[PDB]
Structure formats: C-alpha cells, structure tokens
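Trainee: Okay, here's what each chain looks like letter by letter:
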Amino acid sequence: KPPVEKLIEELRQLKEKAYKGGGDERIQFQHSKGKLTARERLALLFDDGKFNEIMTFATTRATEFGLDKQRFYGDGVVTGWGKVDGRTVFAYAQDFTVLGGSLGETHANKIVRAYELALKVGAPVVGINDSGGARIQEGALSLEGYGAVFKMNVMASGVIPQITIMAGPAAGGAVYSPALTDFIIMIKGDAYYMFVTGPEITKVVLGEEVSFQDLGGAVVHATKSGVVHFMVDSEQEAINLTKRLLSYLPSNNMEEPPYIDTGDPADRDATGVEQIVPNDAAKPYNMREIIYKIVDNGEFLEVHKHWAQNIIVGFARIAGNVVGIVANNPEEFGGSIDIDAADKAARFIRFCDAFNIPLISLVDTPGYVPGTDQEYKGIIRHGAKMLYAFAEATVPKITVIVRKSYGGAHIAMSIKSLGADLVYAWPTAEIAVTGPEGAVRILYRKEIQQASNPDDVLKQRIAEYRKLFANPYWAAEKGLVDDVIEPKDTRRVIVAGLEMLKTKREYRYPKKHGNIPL
Amino acid sequence: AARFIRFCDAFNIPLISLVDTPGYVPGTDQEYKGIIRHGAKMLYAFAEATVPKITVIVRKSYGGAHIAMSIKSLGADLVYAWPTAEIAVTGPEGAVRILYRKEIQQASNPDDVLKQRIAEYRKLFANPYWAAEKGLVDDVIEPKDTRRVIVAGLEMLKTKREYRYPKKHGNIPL
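Those sequence lines, one after another, are chains A and B.
Residues 1 to 518 in my numbering are what the first sequence spells out, letter by letter.
Residues 1 to 174 in my numbering are what the second sequence spells out, letter by letter.
Please note that a few of the clues may not be correct.
Reference listing, derived: stretches of chain B covered by chain A, where coverage requires no fewer than 3 residues with Cβ under 8 Å from a Cβ of chain A [as the list claims (entries may be wrong)]: (1) 24 to 31; (2) 158 to 171.
Each computed PhoX-like pair below joins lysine-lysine, with the alpha-carbon atoms no more than 25 Å apart [as the list claims (entries may be wrong)]: (3) A/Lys293 - A/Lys283; (4) A/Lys203 - B/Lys72; (5) B/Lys72 - B/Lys123; (6) B/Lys102 - B/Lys123; (7) A/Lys69 - B/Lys123; (8) A/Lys305 - A/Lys224; (9) A/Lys69 - B/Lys102; (10) A/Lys305 - B/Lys72; (11) A/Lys69 - B/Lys33.
Under 8 Å between C-beta atoms, here's a sample of chain B residues computed to sit facing chain A [claimed, not checked]: (12) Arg3; (13) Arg6; (14) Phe7; (15) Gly39; (16) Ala40; (17) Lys41; (18) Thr50; (19) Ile67; (20) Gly75; (21) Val89; (22) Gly94; (23) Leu99; (24) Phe125; (25) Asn127; (26) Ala132; (27) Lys134.
Treat the hints as calculated values from the structure; they're not laboratory data.
Cβ coordinates follow ideal geometry from the N, Cα and C atoms, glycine included.
Using the sequences provided together with the hints, build the complete structure.
Mentor: Below is the structure:
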C-alpha cells in the first residue's frame, strides 16, 4: 500500500460506512419511519460548520455472543461537540440501528469522554437518548459502563447544565443517566418510553398486554411521575426546545446566565396587572397572566407544565436578564402546595441557584393539600425540600405576595428569615399565621358558643380578623415585608431589585454537602 | 438508603455495602410514583460520597440495583465477592430470554431449552469469577474472612482523600 492519494480515498469510504451506523436499510429507514437517526438529530441541533466528533471508529472489544461478528464503527453512539446559537455544547446521540442503541462498554466510554471534555472546559451536555438498555451480550461490563456515565452525571451536577432528549425505548439502566440530568425533554409521538422494569416481569403478575408506543410513556412521566420536565409531540420540537432551553442557561456555574436581548424596556409598566385578581377573594385567576405582564414580551418557558400544576415554575427575562419564577397556581388545588409541587419547586430552585439564576416568587397560597394520603406519602419531608432549597440558595431572591400567603406555605415561598433579600406585597396581599377561619376558631374557642348563634361570631370574628390582619400592612409594620406596592409597579420594582442584587455575595458553612430531606 | 448514604458521607462515616438484590420492584405504582428519579438518588448519593466505600456481594446483584449498591465505576474503593455472589447484567432468565431467541422458537426443541440455557448462563456468568476476570471485583473471598477484609480495607482507606469539582452544590433528583 504505497499511494497516499489512495489512502485518503479509502478513508472516505470507511467514514461513509461508519455514518450508516450499520443498516443502509435502517438509517435509510430514517425520513419516514417515525424517528430520525442519531446523526440527523445532531444535524438539526447544531449550527454545524465548525466542530468535531470524537472516537468515530471506536468499536466494541467484546467477543462473546457474536460481538466479534459485527463491527459497527462508533459502537452505537455519536459523541463530540459543536455550536448551538454560537455557543459550545457537547452531546452524544445513541444510534438505535446499532444493536438497539445498546450500551456497550466502548459506547459508555465515549459518553464518558464526552462528559470529561465538557467538564474540563465548562460546556453543557445534551444527551439524545435512544437506547433499549444494557447490552446483554457484554454482561457486567455494560453495568460498569452505566456506572461510569452516572458518576460523570453526578460530577457535572450543578457545574454544567445537563439536558436529555428522550427519543427512544429506554428500559432498565437506560433511565438513570437521564434522571440524574437537570431536564428531560421527551417526545410523545416521535420518541416513546422509559421504565426501570419492563412489562415482562410484571405481565405474569396481572394480565394486560400493552402493544408498543407510549406504554409507561411520556404522558405518564410528564403528568404523573414528574420524571419528564417537557413533553413535546415531535423530535423537531424536541431539538428546537433544547436550543431554547440552552438560551436561558449559562454554559457553566462560573458564568452568569446569558443576556440575549439585554434590552431594558424595564423603564416602566402600564398594563394594569391588578385587573387580573378578582375583587372576590374566593375566585381564581390565571397566575400566568400576571407573569406575562411582568416579564419581557410576556415570554415564559414553563418547566413541569403538566405535572403538579398547583405551582408554576419556569424561565423568563426581566430587563433582558434571565430569572427563575416560582408561583402558586390558583386554578389547581386552590393554589395549595403539594408533595409533587414541593418536589417540582424545590429542584427548580436548587437548579436556578446552582447556575446563578435569580429567583422571583409570586405568592397566592392558602397552605398544603390536606389528607391522610399526603401525610402517608410524607408531605412533611417533601414540603421541607422547598424550605431547604430557598434557605440554601445564595442567588438573588425576591418575593412578591400578590394575594394569599398562609402558614407553612407562606414560609416555603421564601420570606426574610428564610433568606429572602426583598419582599413586596400588593395591596391585595393577605399574610396570616393560618387561614383566617382556622385562626378565629381557636382564637375564640370558648366563645362562639356563649353568644347568640354558633355561626354569628364567625363574621364579627372571621371578617374582623381579616380586616385587622388579612392585609399587607400588619407584616409591613413589623418589618417583615419591605414595602406594599401598586401592582403595575411590580416590574419596575423587580428590575431595580435585581439590578442592585446583581453582585450579591453571601456566606455558607464549609461542608462536603448538606443533607436535604429526600 | 440515599439519605443514609449522604448523611454518613457528610459526617465522615465509612460505608459498607452488603449485596443480594435481583433488581427493582416492578409495576405501574412504582413507575407512576417515579421510581426512575427516586432510584437515581442512591446512584447520586454513592457517586457523590468521598468517605471510604467497600462493597461485599454476598449473593445476587443484577442490573441497575447492582450499580446502585456501589460498584467501582460509581466510586467504590474496594469490591469483594463471596463464592456465592451472582452478578448479572439482568436476571438470568430475562437475559437468556433475549440471548437465546432466534433459537427458542426456531430450534426443533419445544420449550425445555429456556431452563437449560438459563442454567448454563448462570454457570457461565452467574459466578463472581467472570466479573473478577474483568477487574470489576478486586477479589472473591471466603465468607468467614469478610470481617478481616473490611478491617484491612478500612484501616488503609482511613486517610482517604478524593477530589470534587467546585460548585455551590449539586442537583440530585428530588
């Protein structure tokens, strides 16, 4: 083999073969088979004209079970880095056409190398999952592989943003790396499912055979389990959303979130946000409409939109700077916080704090969801997570009480003693040690029965308590709230608060970590 | 286990894992209540931890649960296995099921093969020696030595120091 011009030609042939991921039948079975190929997903995700793929030809070293038979350059996963809206982002994309996107030892080591490079230079990692699980043929070595990926996920946790696009049939080990990341974007009709244990070990423990698509699918994890943060109906929408999610996040924990507008129409508001809240204190309203008039162009990327809807969590921008919002939702469970809600908010809060994203709390909550069901499932420890998340956080934190704020939930939404930097309240704010009714009863236990009607006093007591305490001015007089303000001022007020808090630095006791309730 | 792990690590208490687990409890109830994110907490807790960590597999450790009890790639410092240890990518049956299709309904043999190949696989894989030959376990040991081994291991690891990436904190699943 002497010619060089001939060698460059053979290189082209080899790479052309490697790109097919084994199966010019399979990949060609790409543009009308339901899903896109690993490479096609990567083409959509990256600007593409400046980057590199690593370990392109790396193959499995296992021999057992005919693994010596096949080659498959890359061993089932494409790893490397690129540009997304001009920012460096690492990524891997498993190729289902190669042994069911099975996780081989080499396949795992490519994902790990990717994570190592990303960690070294402070770049986000996007995992486009499309794997059925462990590569059975490689035995315990496949489990070692998973273990190595997981360890990287934990090392990268809170250091670099980790986003996973669940675009395949994940089972067993395949579900845990995504769980360790910060956000899971899953397709409903273009990607399909994820579960620890398959229907097989249980289908002889009941009796219903669930064909294929979305069994323990997206709908289940996005509305019931809370494992999925965003559910989309397409792979194109899955990648588009990834880009949009990346745009609100910094590249690492050493950088401030991106300012992509940096425009400051913060000057002022005049879109009567006060009309949103009903004159009647018992009537609901869409809290999202309030965040719309507060944030730039009304934009808001909601996280966990279809899970634990009693609280709202998501990203937006104020004066061009990204903010994280945690707001009670009056349209679901009367705005009461839940076990799911508490979990939803707690993780969003810690994530925001880890990546230096200011936190804005919009409050209207009567308390927690009552019930032996909640207590039995441990609302006591799940609810404590929010208290921990806020207290732990050092990012700028501002609370705006729009309406109700009672008892423990009042505290969980972030108050001064818990570490709130600034607390504001609308004239409609109502802070109370507990629900007025609940407070009046105990506060007059013996009376209420020594008058002229066991129901009379619950007015001269319930309505009077609200007039003398169900207001923002009692807490304001005690210095618990910094100020009471006109609803239309909220944006200008948040703008000035964040601007001043911009260079906030606090203190924390040295520890390997804490022990938040799980 | 996750919270116990994190608490011990935070207060410098060595961690000893004693393994015998087939995997996770199946069913919609578990999946619906998010076993995926809860299960991940153990993986995080162990990987996170820097105190001395030693694993002793007494019997089985299959699939994901095998990893969650702490393996070397996840950060275990030392891994030992009793002669009875049985480490597998998944339950041997579930494994054999897959690894022997294309020959389970095509072979001129009815259905007694699933039990034979299930037994061969266990004899061929369900043994500490395969993992030990791959460097996955440091050694296979005589049950009665478990104490001596943990003692030596802890004595040596007592001055252990690892290295962690600077961060305000992490984002373990909740």
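Trainee: It remains to establish, for every hint, whether it holds in the given structure.
Mentor: Hints, one by one, checked against the model:
Figure legend: the stretch 24 to 31 of chain B, annotated as covered by chain A; annotation consistent (7 residues with Cβ-Cβ distances under 8 Å, at least 3 required). With a cut-off of 8 Å between beta carbons, the stretch 158 to 171 of chain B has 8 residues touching chain A; three or more are needed, and the interface restraint holds. Distance hint between A/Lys293 and A/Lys283 is fulfilled; the C-alpha atoms sit about 20 Å from each other, no more than 25 Å. For the hint linking A/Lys203 to B/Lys72, the alpha-carbon distance of about 34 Å lies beyond 25 Å, and the restraint is violated.
In summary, the hint linking B/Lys72 to B/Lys123 is supported, as the alpha carbons are separated by about 24 Å, within the 25 Å threshold. Only pairs whose Cα atoms come within 25 Å are accepted, and B/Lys102 paired with B/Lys123 is accepted, the gap being roughly 22 Å. Proximity of A/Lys69 to B/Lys123 is assessed by CA-CA distance (about 24 Å); at most 25 Å being required, the pair is judged to hold. As the CA atoms of A/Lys305 and A/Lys224 are separated by approximately 12 Å, the hinted pair is consistent with the 25 Å bound.
Proximity of A/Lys69 to B/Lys102 is assessed by CA-CA distance (about 16 Å); at most 25 Å being required, the pair is judged to hold. A distance of roughly 38 Å separates the Cα atoms of A/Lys305 and B/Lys72; the hinted pair therefore is violated under the 25 Å criterion. At roughly 42 Å between alpha-carbon atoms, A/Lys69 and B/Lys33 are farther apart than 25 Å, so this suggested pair is violated. Checking B/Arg3 against chain A by beta carbon gives a least distance of about 5 Å; that is within 8 Å, so the hint holds.
Evaluation of the B/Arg6 hint against chain A yields a held restraint, the C-beta minimum of about 5 Å falling below 8 Å. Annotation: B/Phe7 was flagged as interfacial toward chain A, and the flag holds, the nearest CB pair being 5 Å apart, inside 8 Å. With a least beta-carbon distance of about 6 Å to chain A, the hint placing B/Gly39 at the interface is held under the 8 Å criterion. Hint status for B/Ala40: holds, given a least beta-carbon distance of 4 Å to chain A, under 8 Å.
About 6 Å separates the beta-carbon of B/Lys41 from the nearest beta-carbon of chain A, less than 8 Å, and the hint is met. Interface hint at B/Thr50: satisfied, since its Cβ lies 6 Å from the closest Cβ of chain A, which is below the 8 Å cut-off. The restraint placing B/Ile67 at the interface with chain A holds, with a minimum CB-CB distance near 5 Å, inside the 8 Å limit. The beta carbon of B/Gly75 is positioned within 8 Å of a beta carbon in chain A (closest approach about 6 Å), and the interface hint is therefore held.
Because the beta carbon of B/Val89 sits about 5 Å from the nearest beta carbon in chain A, less than 8 Å, this interface hint is met. For B/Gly94, the interface hint holds, since its Cβ comes within 8 Å of a Cβ in chain A; the closest pair sits about 7 Å apart. This hint holds: B/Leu99 has a C-beta 6 Å from the nearest C-beta of chain A, less than the 8 Å allowed. For B/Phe125, the shortest C-beta to C-beta distance to chain A is roughly 6 Å, which falls under 8 Å, so the interface hint holds.
Hint status for B/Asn127 relative to chain A: violated, with the closest Cβ pair at about 11 Å, above 8 Å. Look at B/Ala132: its Cβ only gets to about 10 Å from chain A, farther than 8 Å, so that hint breaks. Hint status for B/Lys134: holds, given a least beta-carbon distance of 6 Å to chain A, under 8 Å.
In summary, the structure is inconsistent with hints 4, 10, 11, 25 and 26 from the numbered list given earlier, while agreeing with the others.
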